[PDB]
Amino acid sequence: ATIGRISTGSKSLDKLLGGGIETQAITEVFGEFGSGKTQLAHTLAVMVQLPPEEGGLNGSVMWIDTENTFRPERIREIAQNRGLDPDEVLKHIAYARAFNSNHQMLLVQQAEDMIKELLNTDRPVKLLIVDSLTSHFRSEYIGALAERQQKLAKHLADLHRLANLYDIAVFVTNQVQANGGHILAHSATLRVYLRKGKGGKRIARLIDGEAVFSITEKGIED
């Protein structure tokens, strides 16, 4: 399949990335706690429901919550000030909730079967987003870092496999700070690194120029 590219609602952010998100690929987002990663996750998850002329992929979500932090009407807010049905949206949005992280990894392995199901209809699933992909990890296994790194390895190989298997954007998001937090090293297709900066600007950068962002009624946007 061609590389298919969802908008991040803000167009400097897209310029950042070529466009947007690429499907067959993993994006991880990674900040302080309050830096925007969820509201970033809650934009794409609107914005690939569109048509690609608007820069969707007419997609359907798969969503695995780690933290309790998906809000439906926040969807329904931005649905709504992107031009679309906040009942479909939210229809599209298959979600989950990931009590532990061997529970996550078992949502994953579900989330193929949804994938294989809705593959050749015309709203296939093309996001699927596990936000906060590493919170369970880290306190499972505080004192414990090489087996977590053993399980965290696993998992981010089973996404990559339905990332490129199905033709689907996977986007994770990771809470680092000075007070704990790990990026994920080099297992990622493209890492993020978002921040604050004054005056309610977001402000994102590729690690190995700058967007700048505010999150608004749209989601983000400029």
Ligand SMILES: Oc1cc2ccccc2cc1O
Second form
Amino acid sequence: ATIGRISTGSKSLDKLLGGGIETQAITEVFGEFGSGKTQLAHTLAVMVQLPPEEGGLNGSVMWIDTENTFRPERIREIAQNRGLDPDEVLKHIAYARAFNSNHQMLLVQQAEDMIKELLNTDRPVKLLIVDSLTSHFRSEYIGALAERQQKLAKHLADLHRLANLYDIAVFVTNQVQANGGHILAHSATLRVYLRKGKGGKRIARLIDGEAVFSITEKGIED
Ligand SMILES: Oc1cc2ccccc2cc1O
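Output the form deposited with naphthalene-2,3-diol (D48) bound next; the form solved without naphthalene-2,3-diol (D48) has already been displayed.
All chains and molecules follow, beginning with the one already shown.
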């Protein structure tokens, strides 16, 4: 398949990304608590449902939530301010809460079944969100870094396999602050560092210029 791109909602961030986040790729956004990673996830879950002329892929979404941070009412707001019907947008987001890191890993295998079911339809899965990818692994494997890295490596390999095999954009969030961070090392296809700037602006930079955007009723925008 050709590489599809999903607009983030911000022209600035899209330019930094070469058009948007890519299918057949894992995009990892990392930054401190409150930097806007989950807002970007919510915005992408709407944008992907637009037609390509508007920066989407007419796609369905699957969302694995590890921190109870998915907000359907926020999806509704972004959808209504992106000219989409909010009910239709929510009907095309499959949502699961991961109870722990092992359940999170099983959910990726379960996601493959729905991906296959929708593959030949007019609304194939085009976006798989894992928010937060690392939170359960970090809490469960305190003092056991080597084992944590083994499990994360398999989890990321599973996500890679889905991105490439089914032409999906995988978007994962990772909280990194004071003294923290192996990030995801070199595993993601693309690492985006997100941070707060003056006056509530958000700033993004590729790791391995800078885009600037705001959180608004449209999700994010310039
Ligand atoms: O109904 C489902 C929703 C999911 C969401 C995320 C990952 C896997 C899922 C599997 C489902 O059957």
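Residue numbers count along the first chain shown, from 1. If you superpose the two forms and keep the largest set of C-alpha atoms that fall within 1.5 Å, you have the rigid core.
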| task | State which of the options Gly180, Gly34, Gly197, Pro51 undergoes a Cα shift of 2 Å or more between these two forms, taking the core as fixed. | result | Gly180
